[PDB]
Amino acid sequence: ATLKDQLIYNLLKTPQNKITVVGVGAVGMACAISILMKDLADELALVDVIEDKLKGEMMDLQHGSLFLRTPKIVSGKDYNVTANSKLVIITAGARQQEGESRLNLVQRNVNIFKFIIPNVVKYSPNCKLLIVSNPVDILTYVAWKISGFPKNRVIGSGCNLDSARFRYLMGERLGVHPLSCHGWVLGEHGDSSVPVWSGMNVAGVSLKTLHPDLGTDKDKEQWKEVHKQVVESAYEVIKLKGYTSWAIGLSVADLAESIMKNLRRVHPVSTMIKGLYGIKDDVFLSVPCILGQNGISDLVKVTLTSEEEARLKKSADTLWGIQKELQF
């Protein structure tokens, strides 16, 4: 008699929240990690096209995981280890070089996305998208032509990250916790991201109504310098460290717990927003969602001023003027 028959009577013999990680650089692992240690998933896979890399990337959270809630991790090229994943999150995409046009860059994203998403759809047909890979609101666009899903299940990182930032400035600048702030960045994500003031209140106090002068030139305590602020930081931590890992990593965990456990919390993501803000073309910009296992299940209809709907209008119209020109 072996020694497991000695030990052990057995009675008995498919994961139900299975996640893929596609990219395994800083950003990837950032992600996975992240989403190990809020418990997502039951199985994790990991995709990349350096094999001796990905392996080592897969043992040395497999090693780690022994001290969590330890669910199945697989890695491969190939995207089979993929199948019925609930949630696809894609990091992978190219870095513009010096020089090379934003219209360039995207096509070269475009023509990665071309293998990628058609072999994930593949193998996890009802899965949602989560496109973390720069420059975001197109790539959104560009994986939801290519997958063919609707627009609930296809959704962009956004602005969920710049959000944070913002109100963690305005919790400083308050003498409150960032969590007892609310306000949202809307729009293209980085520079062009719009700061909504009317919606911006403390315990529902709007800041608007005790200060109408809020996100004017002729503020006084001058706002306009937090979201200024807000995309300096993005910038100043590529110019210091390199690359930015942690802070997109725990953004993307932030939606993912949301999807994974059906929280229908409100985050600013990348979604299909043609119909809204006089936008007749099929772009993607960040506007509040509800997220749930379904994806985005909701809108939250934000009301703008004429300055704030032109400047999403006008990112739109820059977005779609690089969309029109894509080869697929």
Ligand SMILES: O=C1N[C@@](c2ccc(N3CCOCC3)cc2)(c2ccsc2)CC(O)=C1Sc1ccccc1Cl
The other form holds:
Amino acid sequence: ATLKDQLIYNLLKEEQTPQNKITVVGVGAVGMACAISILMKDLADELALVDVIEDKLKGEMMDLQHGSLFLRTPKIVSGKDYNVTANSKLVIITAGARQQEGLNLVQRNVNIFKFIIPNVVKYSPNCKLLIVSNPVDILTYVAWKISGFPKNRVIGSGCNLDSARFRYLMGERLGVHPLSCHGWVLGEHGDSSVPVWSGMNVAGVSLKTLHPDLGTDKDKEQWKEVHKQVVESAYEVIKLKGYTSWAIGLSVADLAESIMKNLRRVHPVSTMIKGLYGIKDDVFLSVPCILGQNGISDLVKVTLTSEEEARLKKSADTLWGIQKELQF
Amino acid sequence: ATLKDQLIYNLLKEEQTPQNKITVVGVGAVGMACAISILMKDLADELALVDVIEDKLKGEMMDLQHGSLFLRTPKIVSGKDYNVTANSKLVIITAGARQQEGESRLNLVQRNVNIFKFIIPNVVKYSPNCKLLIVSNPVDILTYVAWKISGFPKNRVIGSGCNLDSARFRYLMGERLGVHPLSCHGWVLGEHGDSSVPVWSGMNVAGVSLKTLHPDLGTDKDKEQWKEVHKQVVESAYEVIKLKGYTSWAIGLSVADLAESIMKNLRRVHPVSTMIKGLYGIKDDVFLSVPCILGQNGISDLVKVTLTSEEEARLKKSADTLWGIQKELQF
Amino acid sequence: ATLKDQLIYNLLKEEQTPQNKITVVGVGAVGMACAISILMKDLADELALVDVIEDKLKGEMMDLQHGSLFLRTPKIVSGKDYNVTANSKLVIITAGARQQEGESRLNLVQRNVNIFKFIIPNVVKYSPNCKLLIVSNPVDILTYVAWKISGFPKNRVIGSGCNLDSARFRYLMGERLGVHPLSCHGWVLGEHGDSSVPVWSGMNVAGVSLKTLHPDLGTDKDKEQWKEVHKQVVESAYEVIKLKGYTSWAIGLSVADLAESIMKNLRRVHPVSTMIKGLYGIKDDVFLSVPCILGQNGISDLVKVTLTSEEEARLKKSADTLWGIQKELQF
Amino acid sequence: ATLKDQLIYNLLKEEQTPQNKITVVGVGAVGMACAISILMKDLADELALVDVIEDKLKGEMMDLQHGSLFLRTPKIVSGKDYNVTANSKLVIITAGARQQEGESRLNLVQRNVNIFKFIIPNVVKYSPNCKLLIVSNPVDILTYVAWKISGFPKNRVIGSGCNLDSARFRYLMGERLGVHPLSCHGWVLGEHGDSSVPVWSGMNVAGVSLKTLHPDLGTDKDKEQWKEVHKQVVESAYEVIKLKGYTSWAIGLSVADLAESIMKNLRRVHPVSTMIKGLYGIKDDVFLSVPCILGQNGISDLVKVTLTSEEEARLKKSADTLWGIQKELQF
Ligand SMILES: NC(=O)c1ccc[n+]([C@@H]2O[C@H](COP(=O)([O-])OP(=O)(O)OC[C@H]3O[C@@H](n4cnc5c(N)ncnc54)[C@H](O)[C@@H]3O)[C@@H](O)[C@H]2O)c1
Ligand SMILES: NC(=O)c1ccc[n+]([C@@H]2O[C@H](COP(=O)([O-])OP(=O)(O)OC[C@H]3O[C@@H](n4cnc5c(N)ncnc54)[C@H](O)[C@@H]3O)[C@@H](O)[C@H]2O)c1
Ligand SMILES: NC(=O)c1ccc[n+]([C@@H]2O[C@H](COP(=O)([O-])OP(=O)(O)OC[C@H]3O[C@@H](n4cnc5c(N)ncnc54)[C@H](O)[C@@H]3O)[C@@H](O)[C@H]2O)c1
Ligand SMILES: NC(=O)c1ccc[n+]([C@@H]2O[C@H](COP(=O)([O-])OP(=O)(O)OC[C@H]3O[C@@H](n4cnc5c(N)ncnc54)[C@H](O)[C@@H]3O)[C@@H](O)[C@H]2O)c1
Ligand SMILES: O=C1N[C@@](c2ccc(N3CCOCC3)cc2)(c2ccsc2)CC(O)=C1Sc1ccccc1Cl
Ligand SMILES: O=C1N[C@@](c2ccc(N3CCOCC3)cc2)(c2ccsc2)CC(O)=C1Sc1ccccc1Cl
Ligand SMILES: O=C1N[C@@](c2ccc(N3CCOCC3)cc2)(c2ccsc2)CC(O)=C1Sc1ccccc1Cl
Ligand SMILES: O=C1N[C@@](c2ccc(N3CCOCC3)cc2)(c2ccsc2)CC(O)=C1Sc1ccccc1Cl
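Same protein, the form solved in complex with the named molecule this time rather than the form solved without the named molecule?
In what comes next, the whole complex appears, and the chain from above leads the way.
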């Protein structure tokens, strides 16, 4: 009688759970950039989008849904209720408080996490959490605390963007693609990030071997300025357009690729360092991690210099002082 | 010797011309969505970005540049000067003005013509052998404005047209039949937007015509009301603006799909705004969406679609309305 | 301590069960072409390869393993034992016997049935919730053999069928019209090979029916010889074997396109061999190609194609031709 | 009129030349693996295939052509005449002779030099601005033969070299450390094959040097036996030929990775055979693998690798060895 019945003959209507589902909590500039990066890389069969703002959330879901002809993602869902996030493999939290004062920004984000994290674990208890929101190093700890998930399943964006920006500026200087420009920025994400000058190489040849003054004050070519420009460019983007979207979105997708496909690639991501670099407190800092289907299965022990080790410990001390005064 | 000289031994420093360059004029919500869609599909070796707002332009260029580690595009450039657009294979114009509550349609068209009177001569100056891809609204009128100022042959002036209308229609057809929009073949033609004409005869799944099985398809006396599908296409477009304020992702992905066919010379059929003078009883220099074979030469060929008397009448009515504004335009 | 212990600090050693695993039974020209097509499309996290010839199997596994730097597939396994196939989501059977001089159709199919009497119980033993994708010839008969031995529901037993016939047809239609095969919509149904039925009504470009514009389409009395398009499909298949000895790339790419729809739950329509008992006056348990909606549950739905009396009779003839062999099978 | 005239209305009949053409000389196991790797990575708009064997060449061209529905490459051409190779951006030479039973190594070299005396002048005739990518063995000697006959600058004559050695090494390093070969940085330089030199100082994971926290790395005094990693690279290459008879997938994927950097001007570092004269105390016109920055101009730059006395002596021995054959060549 109906055209659907006339045209299509159904064999079975059985309901089945998505095998490769990804949830994005926060539909901001970052959240949407992560979403489009994932859809275009064909990492998910189902994409769930969650936010507090109901109108923007429906609009963003619809805009992605209209472009479904050019995407290999059959299902794109949204809602205020986390029942839409059910059976998700990876959950990306980009949800954060608006920077206007009037509790502080760190205190506001913890409260936001106080209802996201229990709601996500409720529908997706075997997922891997990917924290993007700032302070990423503190919030990854807050996520780990509330979820009660093992250390490995709580991954933080960390210094993935710092290293991506550093490899670009290293790339521009040497006139080589950032993929061939190997450089690692570790520790606390942002201003307090530690560039590992010993690790800096192109084709296996160490840049500190050829140039011993690399990352020092007596560097005539002043290579210490490369890491200075990383921090400066981050403040420049906010001054020029108001937000960072594409660079972070693409980085999150690169982590999502390693997790969803069990690639076992090394990435600079925020993880628990309790037992390494003389750190005894429950603090999360970026170190090179082997990322797969189990989250952080392994972490690379990087030989740091006395000054690098003192910087990571200073961060570990300043971070724990904040974390110990956090109420749940 | 410097570290670069110590580490790398240069064989040649011969600065060559980019073989697959794409310029995006307008760094708005649409422009940026097109940019990221192109970069992720690896369609260009060089991407040029142009806008009037200098601050936003530098910020957007830098944000894409930082993500270069995850992209296969070595060069991303920007600037107010069009010298950055030199030797482009494709130029996407997303530059436009925002209509006000106390503003006439003809005024808006003129404002966008004044914007185009600055862009089009500047683009042809540095890229005379490029293909123009117009996104700005009214697309059908602005593709004609671009064609007149550039003096480019009709094939090299392509307009987005009903590419998004069709994409939205195939999605809603897809969700109703429970099949992927790629397997849901449907064509929306003519004037982009409200006046768009859905071709019900062309509407099929696996080659089987939906009008054949259901003759009341698209008719006012339909039991299932398949007219609601095209009605929802227009309604959803107004809904997105009401809910978030702009459309970005859907259009950006569609522009990249056109760009893929142009940049790779695929010769796939797409519903794009082209010179319609000669067919369906149209005598005026009007641009309307018809299925076009898109390649390296732009619109090399166009598909002759058998339209019904009502569909053909809807096409003339739009051609008459578009020409009405077109004759009242200042160059 | 070891260098691995010195360099890397382990958090957990507990390995998870394969999530998106694909098994390829038969490491022949077809099997390897399927394997490389899947790996390059990044459809599997683990790829299992099975064959009777243990030497070639190890060599092929190693050759793919060496190229792992350029692939997004972390695990590539092989072995004579099917314990390597455990927890596979899709199993592609390309295992077959080679056609001999002075051999009966009943004789060749039974040699392949014996091969299947060993494979099918061994695959279900380790992967009971998988989807079987049959490639080996006669594909329409061996999909039925697979369905009977496995005891799997009709949806989980998919046969390659007329996916290659349609791909070849859309290419020849494409070359003639000077348009990309993706824009050239054509459906070849029924029994895969010589007895394949081209659906001339379904043949279109941009929704416009080629039978409508040209009523002589597919008839021997056509001056443009559009019936020669399907004749050239059969002729090219025999030509490839005459010129190189086997078909590999075309079939391999088609299998991956089916795999993409299954592994990603795309719900795209494909011409695949399925249990057609009940449709087009067919009463026997015969597998024939019809457009199917392919997803994570295998064949969830099938498209009811309006066939002409000549097309229906050809399909009915193939059903009788296949059942003649099927009822004579000892298994 | 015709169905093509009825369906498609032509705007222009302009003949189009390929912008991104790739030619593959040799349609063997390697040649075909390169071809399918390139097509699936969407690196070319036109693919040209040439070989001496006319039958196999037509069969292989047709098999790829049939799979065009699943590929983004509109044109696939073949022929004995090199007029089909005209205006190529990259030419991959996989054409070779196989060592006969009574034949010596020196006899095999001259036979390939004779094969090259016919190919290289014919390729430069139609594609004088192309980049040659030689795969055929001995790669280090035949890249020199190609460079001498073509008269092309050293940057436009690229040899596969140790790209496969490094890919195999990074896989075995990867398996040992339980990390993806992409995160396992290791460089094998010099003469491709048995005489290849592994750079133990360069060996790292996340920037941390493996020679630093394991000083016995690559020496006989090693308890863990990391010397065997490179010895297994050689062993596995001989194993693949013993088990299946040829190497195809691993090399084809590596060739496509080089092609990606050339065709897209990525400027990525790769271990490829280049004119080493003037470096590491080498005075002869010898080609050896060193890390090269690969772009649209071929080898624009080299990476100066700090080699140990034994590594540097190993490289100058291979350069003296290769020249011993090269001076005795007749062309
Ligand atoms: N880790 C990095 O390298 C990095 C880089 C860039 C940005 N960021 C961070 O990303 C975060 C967001 O950036 P943005 O540009 O998307 O900002 P935004 O303010 O536009 O996005 C925040 C979104 O979170 C939503 N939200 C608030 N409370 C929520 C809740 N309880 N549940 C769900 N959603 C909720 C808001 O509605 C808003 O859409 C910031 O904290 C920023 O610091 C991190
Ligand atoms: N054709 C379609 O289907 C379709 C779909 C969606 C949007 N659109 C159109 O896209 C256009 C832009 O949408 P948006 O969201 O990017 O809007 P927006 O207003 O944010 O973008 C317009 C941009 O153009 C720039 N611009 C203005 N004058 C310029 C000039 N002389 N040179 C260069 N740049 C200039 C502005 O600085 C601004 O960044 C609108 O006209 C809209 O109607 C078309
Ligand atoms: N359906 C189509 O459109 C289509 C197209 C092309 C080829 N094919 C079919 O694909 C099949 C194989 O083609 P090919 O080129 O790979 O031929 P082939 O003879 O080289 O491959 C057959 C492989 O199956 C293996 N095999 C045999 N018995 C086995 C067993 N019991 N378990 C596991 N493996 C076993 C053999 O060792 C051999 O490697 C043929 O039946 C051919 O007709 C089908
Ligand atoms: N560089 C590496 O790392 C590497 C790795 C693997 C293989 N190879 C080399 O690749 C080469 C070929 O391997 P294959 O498996 O393709 O072998 P094959 O013998 O099957 O292929 C050789 C092809 O070259 C063709 N040919 C011969 N003379 C020709 C001519 N004058 N013009 C055009 N084509 C001609 C032959 O017809 C044949 O098809 C060998 O030399 C092998 O050593 C190199
Ligand atoms: O984590 C980051 N946060 C950002 C950032 C700032 C504000 C907002 N919003 C304000 C407007 O509303 C939206 C949220 C969003 C993101 C940043 C830039 C300078 S300080 C912090 C953007 C950015 O670039 C990085 S990375 C970074 C930061 C500092 C130093 C070094 C690095 Cl790598
Ligand atoms: O061309 C379009 N234009 C849009 C549109 C784009 C930008 C802005 N800005 C104004 C505010 O500033 C930001 C830009 C406003 C509207 C539209 C939506 C309803 S009427 C026109 C968005 C859209 O979806 C289409 S396609 C379309 C439109 C109408 C009917 C049917 C279709 Cl398919
Ligand atoms: O199913 C097929 N089988 C093939 C085929 C035949 C023999 C072998 N060998 C196995 C390995 O040993 C050598 C022979 C492998 C494949 C074929 C070609 C002409 S008749 C059947 C190849 C092919 O192209 C199709 S599809 C097809 C066939 C006939 C008509 C139309 C179509 Cl679409
Ligand atoms: O260059 C190579 N050549 C191969 C090879 C390629 C083609 C053929 N034929 C093709 C079929 O006809 C017969 C000849 C025979 C051998 C090889 C294997 C052991 S010695 C040389 C295959 C291979 O794997 C490498 S790389 C390599 C070789 C030795 C040591 C280390 C490495 Cl990385």
